[PDB]
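Number of protein chains: 2
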Amino acid sequence: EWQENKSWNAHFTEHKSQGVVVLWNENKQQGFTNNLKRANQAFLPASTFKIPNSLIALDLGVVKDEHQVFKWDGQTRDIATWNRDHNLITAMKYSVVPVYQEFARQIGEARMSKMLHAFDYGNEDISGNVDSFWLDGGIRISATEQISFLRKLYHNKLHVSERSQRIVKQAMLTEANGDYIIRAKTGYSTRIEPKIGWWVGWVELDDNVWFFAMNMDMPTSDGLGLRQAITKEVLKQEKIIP
Amino acid sequence: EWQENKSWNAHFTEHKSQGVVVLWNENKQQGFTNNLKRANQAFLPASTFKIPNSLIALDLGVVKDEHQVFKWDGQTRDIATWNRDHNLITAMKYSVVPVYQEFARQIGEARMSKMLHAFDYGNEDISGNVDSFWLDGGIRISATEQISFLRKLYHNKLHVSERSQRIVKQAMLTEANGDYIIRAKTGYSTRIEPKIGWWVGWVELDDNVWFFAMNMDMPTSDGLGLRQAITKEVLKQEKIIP
Ligand SMILES: CCc1ccc(-c2[nH]nc3nc(-c4ccc(C(=O)O)cc4)cc(C(=O)O)c23)cc1
Ligand SMILES: CCc1ccc(-c2[nH]nc3nc(-c4ccc(C(=O)O)cc4)cc(C(=O)O)c23)cc1
Ligand SMILES: [Cl-]
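Those protein sequence lines, which keep their order, are chains B and A.
Following the authors' numbering, the numbering of the first sequence begins with 24 at its first residue and continues without gaps.
Following the authors' numbering, the numbering of the second sequence begins with 24 at its first residue and continues without gaps.
With the rest of the complex left out, here is chain B:
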């Protein structure tokens, strides 16, 4: 059961931006969004795809554990934090694309397509380069589809080991305090118009979990901070966090 709350649109325009936030009250099985139509519009997952991609690599053995070090290849890229060694935790934290492209090549389109299909993920379509399809290929997913996927991950229901799921949820850790825990993943889709930013994940409270999926128009990298900032405004307005 879904409910539209366009009042949330205030938080978008206050920064003269456009997008959608989707929330899902797990206890109540109820959903809320500012825009039912955009909530179902499909986009490239971009770096939010690091979630199923991590799940896959772990379960296959491409990645042995969250400590395994993936050494920098020496290629200087535009994001400083990519130019260094990473493990699964920091690779997901800094959205280190080259580390995940390498995982993809080792996974291979055969097992990749199989797994996504098992995950019922987006349009399950891996068409394009096997190491760049989630950034410029044919995979597509909507905010509402993000929340469907994440809810399986949360419940360890995905067709992978509990371990792989446990590890990926550890790597999604973004913020934690005495009031709440956020496990989430950012995304920035730049290669194909429209350019959008993603933030998807959930908020753990003592007695409930709120799943969320947001995306917003992101013409320039400068507004990337708004992904978290606007979601939190929505979270604060609905009294989910202080």
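Since copy identity is lost for identical chains, a pair holds within one copy or between any two.
Calculated pairs, BS3-like style, for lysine-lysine (alpha carbon to alpha carbon, straight line, at most 25 Å):
# : residue 1 : residue 2
1 : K51       : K94
2 : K218      : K255
3 : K180      : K192
4 : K255      : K51
5 : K39       : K60
Derived from the structure by calculation, the hints contain no laboratory data.
Since chain B is already given, all that's left is putting chain A with the ligands on it; use the hints.
Coordinates of chain A with the ligands only, in the frame set by chain B:
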């Protein structure tokens, strides 16, 4: 290998308190404390014992997972947060002794004694009520010994399943942001002199981990927040956290 830095004692005497903080740089395998002597004085672990107790309960089956509920027994106790239902995550967060006391009774002295010996935990001695020995019984552990145990937990080297260890580390989650992650457990030892507060755990950074164990004289519960505050002041001084 160990350095004493009594400059840290300022952070204690800025709150008219005394105690010890012990830090361990895992990369360099070097330790730091303001008080070498008190670092090696053993006390009741009190609710810090929730770390091994959880690992044991999990590994035998007293606790199925972190989602399983343990309902309030209707007995109204001094701590408001105890008088409600709990899972492993919230019982840790709020130090709900009754839930762990019930764990202990189900655990039984035979299996308890065994595990603590396998853990090399403190003096490995559970003399007293099987459901209260960590609060008023014979078990003792020092700050340095806390750190020894915690490093085994961090590296998954304890003699329980990886799963048990991953779950307890999830339940230890205390604080996280873009700069650091803190997994820790608080303790208040009130039943036996001297009354002391505990805070033990570690700070995960991108490319290092700092283990810590601190304890301080705690006459009344009013000074309890100083356990985290003084630790963070020391972490700040050492440039571990901002
Ligand atoms: C194929 C040529 C080419 C070369 C470089 C880029 C590129 N520049 N800056 C990029 N930033 C991200 C990114 C940013 C934030 C987040 C975030 O989540 O905050 C993620 C990715 C990604 C890419 C990318 O390679 O797709 C970026 C794009 C295309
Ligand atoms: C058997 C008689 C009796 C009854 C009740 C208590 C008792 N009152 N308040 C207590 N608070 C804690 C506690 C506080 C903070 C933290 C913390 O970590 O922040 C933990 C425990 C513990 C006990 C206890 O039962 O030992 C407390 C003590 C003795
Ligand atoms: Cl975690």
